[PDB]
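Novice: What follows is each chain in one-letter form.
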Amino acid sequence: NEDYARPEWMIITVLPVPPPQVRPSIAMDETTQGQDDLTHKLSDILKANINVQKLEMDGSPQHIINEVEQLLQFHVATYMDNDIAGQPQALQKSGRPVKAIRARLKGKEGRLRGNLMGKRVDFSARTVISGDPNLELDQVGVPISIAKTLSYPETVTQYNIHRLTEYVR
Amino acid sequence: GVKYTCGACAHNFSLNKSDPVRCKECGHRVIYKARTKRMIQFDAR
Amino acid sequence: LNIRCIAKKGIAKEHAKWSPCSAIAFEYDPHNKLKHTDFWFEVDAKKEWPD
Amino acid sequence: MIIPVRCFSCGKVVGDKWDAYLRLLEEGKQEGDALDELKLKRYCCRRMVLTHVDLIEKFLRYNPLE
Amino acid sequence: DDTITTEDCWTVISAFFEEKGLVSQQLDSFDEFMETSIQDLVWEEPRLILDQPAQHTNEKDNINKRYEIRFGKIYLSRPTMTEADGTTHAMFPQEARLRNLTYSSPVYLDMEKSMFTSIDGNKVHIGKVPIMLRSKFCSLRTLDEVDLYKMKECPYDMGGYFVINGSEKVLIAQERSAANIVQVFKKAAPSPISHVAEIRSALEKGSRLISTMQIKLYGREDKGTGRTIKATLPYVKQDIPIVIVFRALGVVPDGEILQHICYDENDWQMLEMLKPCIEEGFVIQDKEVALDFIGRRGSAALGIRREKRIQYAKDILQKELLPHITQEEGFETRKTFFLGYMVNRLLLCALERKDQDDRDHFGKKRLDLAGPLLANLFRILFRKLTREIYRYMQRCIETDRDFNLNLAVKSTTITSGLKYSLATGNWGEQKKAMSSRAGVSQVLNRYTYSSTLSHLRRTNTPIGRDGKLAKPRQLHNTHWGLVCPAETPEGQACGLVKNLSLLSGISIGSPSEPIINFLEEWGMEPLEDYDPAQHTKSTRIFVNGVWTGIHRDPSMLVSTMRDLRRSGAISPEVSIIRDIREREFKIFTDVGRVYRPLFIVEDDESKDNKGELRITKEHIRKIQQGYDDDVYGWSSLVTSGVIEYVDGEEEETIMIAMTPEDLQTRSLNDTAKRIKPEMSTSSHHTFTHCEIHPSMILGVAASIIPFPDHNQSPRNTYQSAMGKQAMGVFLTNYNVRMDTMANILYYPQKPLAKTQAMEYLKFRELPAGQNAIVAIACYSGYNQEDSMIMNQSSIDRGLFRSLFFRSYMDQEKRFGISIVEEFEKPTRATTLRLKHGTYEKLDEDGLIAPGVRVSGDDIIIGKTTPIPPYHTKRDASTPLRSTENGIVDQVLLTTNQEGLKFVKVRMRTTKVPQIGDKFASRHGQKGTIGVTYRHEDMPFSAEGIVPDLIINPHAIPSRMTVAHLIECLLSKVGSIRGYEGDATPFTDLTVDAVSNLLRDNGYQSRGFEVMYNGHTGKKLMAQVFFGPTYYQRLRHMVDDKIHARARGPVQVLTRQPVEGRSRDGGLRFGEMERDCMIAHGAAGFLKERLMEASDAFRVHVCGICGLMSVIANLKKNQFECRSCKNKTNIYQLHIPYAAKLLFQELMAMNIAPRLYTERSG
Amino acid sequence: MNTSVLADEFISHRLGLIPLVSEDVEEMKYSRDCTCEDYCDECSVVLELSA
Amino acid sequence: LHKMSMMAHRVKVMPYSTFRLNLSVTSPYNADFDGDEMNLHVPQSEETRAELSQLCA
RNA sequence: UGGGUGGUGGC
Ligand SMILES: [Mg+2]
Ligand SMILES: [Zn+2]
Ligand SMILES: [Zn+2]
Ligand SMILES: [Zn+2]
Ligand SMILES: [Zn+2]
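Note that the protein sequences, when read in sequence, are chains A, B, C, D, E, F and G. Each residue of the first sequence is one higher than the one before, counting from 226 in the deposited numbering. Each residue of the second sequence is one higher than the one before, counting from 28 in the deposited numbering. Each residue of the third sequence is one higher than the one before, counting from 153 in the deposited numbering. Each residue of the fourth sequence is one higher than the one before, counting from 1 in the deposited numbering. Residue numbering for the fifth sequence is 9 to 128, 153 to 662, 675 to 711, 719 to 920, 931 to 1222, as defined by the deposited numbering. Each residue of the sixth sequence is one higher than the one before, counting from 52 in the deposited numbering. Each residue of the seventh sequence is one higher than the one before, counting from 451 in the deposited numbering.
Among the clues, some could well be false.
[What the hints assert, rightly or not] As a list, the in silico BS3-like pairs of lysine-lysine whose alpha-carbon atoms are at most 25 angstroms apart:
{"#": "1", "chain 1": "E", "residue 1": "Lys463", "chain 2": "E", "residue 2": "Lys451"}
{"#": "2", "chain 1": "E", "residue 1": "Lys500", "chain 2": "A", "residue 2": "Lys331"}
{"#": "3", "chain 1": "E", "residue 1": "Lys464", "chain 2": "A", "residue 2": "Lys318"}
{"#": "4", "chain 1": "E", "residue 1": "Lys248", "chain 2": "E", "residue 2": "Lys269"}
{"#": "5", "chain 1": "E", "residue 1": "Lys396", "chain 2": "E", "residue 2": "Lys367"}
{"#": "6", "chain 1": "D", "residue 1": "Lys58", "chain 2": "D", "residue 2": "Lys41"}
{"#": "7", "chain 1": "E", "residue 1": "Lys801", "chain 2": "D", "residue 2": "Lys41"}
{"#": "8", "chain 1": "E", "residue 1": "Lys237", "chain 2": "A", "residue 2": "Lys318"}
{"#": "9", "chain 1": "E", "residue 1": "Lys397", "chain 2": "E", "residue 2": "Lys237"}
{"#": "10", "chain 1": "C", "residue 1": "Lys187", "chain 2": "E", "residue 2": "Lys1080"}
{"#": "11", "chain 1": "E", "residue 1": "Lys255", "chain 2": "E", "residue 2": "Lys81"}
{"#": "12", "chain 1": "E", "residue 1": "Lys813", "chain 2": "E", "residue 2": "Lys28"}
{"#": "13", "chain 1": "A", "residue 1": "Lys333", "chain 2": "E", "residue 2": "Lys155"}
{"#": "14", "chain 1": "E", "residue 1": "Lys397", "chain 2": "E", "residue 2": "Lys500"}
{"#": "15", "chain 1": "C", "residue 1": "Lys169", "chain 2": "D", "residue 2": "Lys39"}
{"#": "16", "chain 1": "E", "residue 1": "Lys269", "chain 2": "E", "residue 2": "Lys397"}
{"#": "17", "chain 1": "A", "residue 1": "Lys333", "chain 2": "G", "residue 2": "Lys462"}
{"#": "18", "chain 1": "E", "residue 1": "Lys346", "chain 2": "A", "residue 2": "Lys373"}
{"#": "19", "chain 1": "E", "residue 1": "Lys248", "chain 2": "E", "residue 2": "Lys346"}
{"#": "20", "chain 1": "A", "residue 1": "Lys324", "chain 2": "E", "residue 2": "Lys319"}
{"#": "21", "chain 1": "B", "residue 1": "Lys30", "chain 2": "E", "residue 2": "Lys182"}
{"#": "22", "chain 1": "E", "residue 1": "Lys503", "chain 2": "E", "residue 2": "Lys397"}
{"#": "23", "chain 1": "A", "residue 1": "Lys333", "chain 2": "E", "residue 2": "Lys367"}
{"#": "24", "chain 1": "E", "residue 1": "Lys396", "chain 2": "E", "residue 2": "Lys248"}
{"#": "25", "chain 1": "E", "residue 1": "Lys1080", "chain 2": "D", "residue 2": "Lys41"}
{"#": "26", "chain 1": "E", "residue 1": "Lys121", "chain 2": "E", "residue 2": "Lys81"}
{"#": "27", "chain 1": "E", "residue 1": "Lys182", "chain 2": "D", "residue 2": "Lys58"}
{"#": "28", "chain 1": "E", "residue 1": "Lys813", "chain 2": "D", "residue 2": "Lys58"}
{"#": "29", "chain 1": "C", "residue 1": "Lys165", "chain 2": "E", "residue 2": "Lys1079"}
{"#": "30", "chain 1": "E", "residue 1": "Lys28", "chain 2": "E", "residue 2": "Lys184"}
{"#": "31", "chain 1": "B", "residue 1": "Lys44", "chain 2": "E", "residue 2": "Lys934"}
{"#": "32", "chain 1": "E", "residue 1": "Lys346", "chain 2": "E", "residue 2": "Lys319"}
{"#": "33", "chain 1": "C", "residue 1": "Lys185", "chain 2": "E", "residue 2": "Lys1080"}
{"#": "34", "chain 1": "E", "residue 1": "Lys876", "chain 2": "B", "residue 2": "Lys30"}
{"#": "35", "chain 1": "E", "residue 1": "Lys1079", "chain 2": "C", "residue 2": "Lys199"}
Treat the hints as calculated values from the structure; they're not laboratory data.
Construct the entire structure; sequences and hints are all you get.
Specialist: Written out as structure tokens, the structure reads:
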């Protein structure tokens, strides 16, 4: 469809840069920032970019062009995917593979199944249980400290001022 | 000022945050602090 | 070992270090003439439970 | 480790009867008969001395810490 | 002599477990390593050669300057701590453990550098191999328990494990597949390939994988018309036909290939399946054309002509195929006759004259301990050393410098490698991080003593977890006495993890060459005189994977050799094993065979010992003297001929009775005893072996259990996998040791249901629990399903009250040559980001004085770094945990490996066993303390005895653990008669003896006493069963798993709250929780959960191009969709921050999610 | 002052199990209602020991 | 595992820090007492309170 | 108030 998917748009001339919330620097040991692998990969892309524009501005032996262009294509390939068949992976400075964008989305612990469809949340609690038949059927025992930690926002209304002021007290 | 108890010869020696930390008698480099001047308390149950 | 204790006055309800005493036997009707208890028994009630 | 004071089940003070128990053991007694002589008749004050195994000798095997 | 009773076998066990102790398997093979392995790994490839020979823009100076280094003797010593001062002194394992050290020795090596003049640098510390505890080459093998208390080593310690960067690490015996055995597996059906004959090669010296020849029968069941086979080779890319690779190894005609392979000219069925193989291999008719053919597929290079193509094919058939047999040539009979046995075998199995082979028949596996593992990793970084010296040589020969070699060894290579590769165990060079067998070495666990006793023995299995197959997880029935039928963890590990049994021993690795001499010492006939039509009935003999010859009568030979192991001409741990069925007879000498001992039954009708045990009572009196009547330990038993070893392969060819009362055929109908089978099939048996004791089939965490032979076996497995979590006494030197976990249980009692085996784990001298009073009676519903009742007054008397220890750590870093760190008390002014606790408890020198009560959330170790170039210091304090309380013990202060300071702190407190704390039976009947009752409110029997622990009636009748009742009864009797009754299983201890003794000491026969209400004394209508029993304390508590969370720490990356207990994270309201919320349907709750107690996040959209590009300034309150010049069609949303993350990730991959807020069609 | 082979609350625990004479005890009041802030010689039996 | 495996309740406050149950509810959650963990999410609004109190009770 | 790997244990 023309105003949405025009098939000269399936070839990237201009590969965008996300803002650095998506690759924010991590305090390695509280003075030095180890970077996120997107920052390392966009740096590698920009290095191969400048080593592209270095060849068409001087004497170029015609496959030095070809290899630096194919290396550019390689860096753009591993920016979105480090799982492509047949070829070796893009590798880090530990001996580990690189966290792509594809690895941030698939898998059990990606952003959807690990962060959007299900995630971690707050106002929870957790313990080990015990039976107690001296109880109704709709009652559950609460240890006191767990009652201290968690809370509930009750609205200050015109029918609950006194107790809530006491709960302040 | 602190009695740094020697690990070998039991010598109570204080160090002035400057001394290389060893036994003065045999070179044994392990010290420990000694107990405080306060009085500890317990409820004996 | 230099120790200093206080001694204060508590009951067994606070803790059982204030136990006054040790072990308390208790029985009534040793021949079960009320049939308050009921023996479990393989063969015969009189023989196996000693007096 | 080292002998406790009371029984765990009942609460008869027993801790004194450790040294006497070893001294009765030295003559060749048998352990039940030795508990018999010490007046230990419920098994509560029989397991509180019969089971007990001794480590604090091993702690005093450390030639001086200080 | 007389009857060998039970306690005579306990004489036997006392001799064994006074010779070896426990952890032989670490120590003795690590001794094998330090004595021989490094000497031969160095002298494997002893010389490098350079040459810069000619035309150096020369005057035709043709000069073989051949640079030749020859490696020599290793030098071995004590470990040594060279100080930052520079002084060297005797390090010791206490001084090691206190100081984060590496108990590591100088490993020196001299270098013989020579020069060829054929014209046409001293003891370098080459590395630090870390030394195991208690080894020969540790300094604590010898030297006087007295002085060991002067040197802080407990005598009831046993060692076995290593020390790295301070802490203790261990070696799991990793379990590799067996090498060099002639297997046949059958292949799954959706495939044209059905039968397989496979091998995995590895050199005899060195024990290292080289080749893997595979055979695949082309042909599914009536699919694949030509039922002929090809081979697959190493360094090829494609399958190659069988007769062609035969003609390639140097046997061309059809007649000689059928002479090598076929053993029966009347086996016309297999001969019939033979014929198409030859008829397919007709097109390649002699040797060198097949060599040229294999040159075409398998890496002989293109355009490299016939003579060097065929050279390369002769190299993959000289080296690189059948390498473990030999790597020299000339024995194509040895090679081809091995492969003719393969063709023989695979056609035997493809016509199903046999079962398939199976994966787990435990003789067909081996094991790798510290010996072979240090062999492999030492080989690796030793090759790396080789090329490092080579690299430096080609730089200081260009400029031609007389190099001293002492700046030519940067010996952080092998020390750094072994230190990382035991630090995390990601086994390999760190630049081979993945594709590597992960988790080799483990944190040793010191939670209690028996836990460590098992964990030093543990094996693990690398199938990975890919394949859910229940065939490798079966308790497959080679396991008699070799692993533990009880112990294996719950869950993911189950079926894999095999604890070496209480009669395990690890066979070292032995010179096979004298065994070869024993073979040819009796007229074994060589392989070149072999014609199977001349001799169809000779016996074909294996040595670890090489068939070496034939002979007619194995029986006289196995008599001689078996009696020479009964004497000692052989290593007495070499399994000489006979078969008669195959006309074959094997001798393994291989490393890592799991052997076990048996009582040698005199299996021979030659004298009156036949049927009887060879073990006399004179030997028993000798063991009770400690000497022979002109040293006599377990070694002389082994070299006496009373006990022979078998591994899993000789387990095939034996005949066992279980107990020595079953050797003589015995004499009824008593309803107490147990019923052995009759064994009336063979009227005249030849028993060759009888078990020493059956409770020696168990694992170490399995022999603890009182009467394992009266339970439902998942509860046996549970008890063995809970016995490791006991609180008790772990080693007797907890005063000086500083460890991050330690817990002492106060009042530890040896159990009244002791075994006879608990003498040999010392558990009666270091127990990990108590005897408390069992009373199995529903009282007030508090034990409904596995909870229990505990009398609070008994806890007040000290019941299971628990010591709690923990060691922390910190050290100084160096941020510049003049810029270092300093543990000081930081101010409120000069220092950045004070922790929100207080600082008052700190001292003048930054480390808190002992005796001081400490709470959580306040400092102990304030490491202040001044920020490299007021307000210029960084507060980087190391605090005590957010859960704990305590009073502090023993605050270590010293100097690091680095030369700067170092700290370690051992805080402690004591935890009251309270409501919710898990406990455990000795039969798994587990659960938590449900409720606490004070003293009077218990039920109480006629004398005054109250109980302390009340397991449930309903816990019993389905779990079917009748051993628990047997323990309670035997406990009460052995309490009253006052001694510890032998509850080692499989005796004639019935229930009847216990019943009669309880009655005849003045009680009820079946346990019960008439117990009462404590609230009335109105007698409990049913009589209540009631006694002592041994209890233990599992490591969990409720004070470590309570957690709740309002808000707090969110990650930077995704702004969803964090994961883990330690940072006070939040819980995963997971998928299937959302599923049940959908099932209830109240989705408004779901919009609470995934919006409002999480990453609630607010974005904007331009309503025309639909995107979130709209730049948001708010106090100036202006916006601009800069791709559109849109300034009005602007809305905001409420989406999860991770959904926004999805959108930014996608737009950075060029997909365009556009969010229009109206339905369009 | 302690320097033992035994820890501290350990010994306080074992001291809490120790049997005292309390024949005269009902003219000694309870701790939590005796008229002193922390211990005096109206309601304590102060043991100081240093073997 | 089924639509009862989340159920609403009411609050009873007890010392001695563990979770108390009735034992008739042991069957639907399938919990024994050898150390299970059971979570406790809390509503933060009035709306979700009534949602739970009328359906998931 | 780190990340990121990896190990063992609980239901
Ligand atoms: Mg369960
Ligand atoms: Zn000293
Ligand atoms: Zn007692
Ligand atoms: Zn727009
Ligand atoms: Zn007073």
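Novice: Does each hint fit the structure? Answer for all of them.
Specialist: Hints and how they fare:
Straight-line distance between C-alpha atoms of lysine 463 of chain E and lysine 451 of chain E comes to about 14 angstroms, which keeps the hinted pair within the 25 angstroms bound. In summary, the hint linking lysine 500 of chain E to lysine 331 of chain A is supported, as the alpha carbons are separated by about 23 angstroms, within the 25 angstroms threshold. As the CA atoms of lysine 464 of chain E and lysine 318 of chain A are separated by approximately 12 angstroms, the hinted pair is consistent with the 25 angstroms bound. Under the criterion of a C-alpha separation no larger than 25 angstroms, the hint pairing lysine 248 of chain E with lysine 269 of chain E is consistent with the structure, at around 15 angstroms.
For the suggested pair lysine 396 of chain E and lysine 367 of chain E, the alpha carbons sit about 22 angstroms apart, so the restraint of at most 25 angstroms is met. Between the alpha carbons of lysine 58 of chain D and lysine 41 of chain D the distance comes to roughly 31 angstroms, so the proposed pair goes past 25 angstroms and is violated. Of the pairs offered as hints, the one joining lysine 801 of chain E and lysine 41 of chain D holds, with about 20 angstroms between alpha carbons and a cut-off of 25 angstroms not exceeded. Restraint check for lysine 237 of chain E and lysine 318 of chain A: not satisfied, since their Cα atoms lie roughly 36 angstroms apart, outside the 25 angstroms limit.
A hinted pair counts as satisfied when its Cα atoms are at most 25 angstroms apart, and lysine 397 of chain E with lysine 237 of chain E qualifies at roughly 18 angstroms. The hinted pair formed by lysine 187 of chain C and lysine 1080 of chain E meets the criterion: a straight-line CA distance of about 10 angstroms does not exceed 25 angstroms. For the hint linking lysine 255 of chain E to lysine 81 of chain E, the alpha-carbon distance of about 62 angstroms lies beyond 25 angstroms, and the restraint is violated. Taken as a hint, the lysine 813 of chain E and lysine 28 of chain E pair is honoured in the structure, with Cα atoms around 14 angstroms apart against an allowance of 25 angstroms.
A C-alpha spacing of about 55 angstroms is found between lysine 333 of chain A and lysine 155 of chain E, which places the hinted pair above 25 angstroms, so the restraint is violated. Using a Cα cut-off of 25 angstroms, the hinted pair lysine 397 of chain E and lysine 500 of chain E holds, with the two alpha carbons roughly 20 angstroms apart. Restraint check for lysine 169 of chain C and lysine 39 of chain D: satisfied, since their Cα atoms lie roughly 23 angstroms apart, inside the 25 angstroms limit. With a C-alpha separation of about 29 angstroms, the suggested pair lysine 269 of chain E and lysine 397 of chain E falls outside the 25 angstroms cut-off, and the hint is violated.
A C-alpha spacing of about 37 angstroms is found between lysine 333 of chain A and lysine 462 of chain G, which places the hinted pair above 25 angstroms, so the restraint is violated. For the given pair, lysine 346 of chain E sits about 80 angstroms from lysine 373 of chain A by alpha-carbon distance, which is inconsistent with the 25 angstroms threshold. Taking the CA atoms of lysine 248 of chain E and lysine 346 of chain E, the gap is near 23 angstroms; set against the 25 angstroms cutoff, the hint holds. Between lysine 324 of chain A and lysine 319 of chain E the alpha-carbon distance is near 53 angstroms, which puts this suggested pair outside the 25 angstroms criterion.
The straight-line distance between the Cα atoms of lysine 30 of chain B and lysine 182 of chain E is roughly 23 angstroms, inside the 25 angstroms bound, and the hint therefore holds. Of the pairs offered as hints, the one joining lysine 503 of chain E and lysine 397 of chain E holds, with about 15 angstroms between alpha carbons and a cut-off of 25 angstroms not exceeded. Restraint check for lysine 333 of chain A and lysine 367 of chain E: not satisfied, since their Cα atoms lie roughly 51 angstroms apart, outside the 25 angstroms limit. For the hint pairing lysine 396 of chain E with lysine 248 of chain E, the CA-to-CA distance comes to about 21 angstroms; that is within 25 angstroms, so the pair holds.
Distance hint between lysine 1080 of chain E and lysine 41 of chain D is fulfilled; the C-alpha atoms sit about 24 angstroms from each other, no more than 25 angstroms. The suggested pairing of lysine 121 of chain E with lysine 81 of chain E holds, with an alpha-carbon distance near 14 angstroms, which does not exceed 25 angstroms. Restraint check for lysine 182 of chain E and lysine 58 of chain D: the C-alpha separation of about 13 angstroms stays at or below 25 angstroms, so the hint holds. Simply put, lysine 813 of chain E and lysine 58 of chain D have alpha-carbon atoms about 14 angstroms apart, close enough for the 25 angstroms limit, and the pair holds.
Distance restraint check for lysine 165 of chain C and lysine 1079 of chain E: the Cα-Cα separation of roughly 24 angstroms lies within the 25 angstroms cut-off, and the hinted pair is therefore satisfied. The suggested pairing of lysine 28 of chain E with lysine 184 of chain E holds, with an alpha-carbon distance near 22 angstroms, which does not exceed 25 angstroms. The suggested pairing of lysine 44 of chain B with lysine 934 of chain E holds, with an alpha-carbon distance near 19 angstroms, which does not exceed 25 angstroms. For a cut-off of 25 angstroms, the pair hint linking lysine 346 of chain E to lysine 319 of chain E stands: about 11 angstroms separates their Cα positions.
For the suggested pair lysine 185 of chain C and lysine 1080 of chain E, the alpha carbons sit about 13 angstroms apart, so the restraint of at most 25 angstroms is met. Taken as a hint, the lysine 876 of chain E and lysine 30 of chain B pair is honoured in the structure, with Cα atoms around 18 angstroms apart against an allowance of 25 angstroms. Between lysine 1079 of chain E and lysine 199 of chain C the CA atoms are separated by roughly 24 angstroms; this keeps the pair inside 25 angstroms, and the hint holds.
The structure does not agree with the numbered hints 6, 8, 11, 13, 16, 17, 18, 20 and 23 stated previously, though it agrees with the rest.
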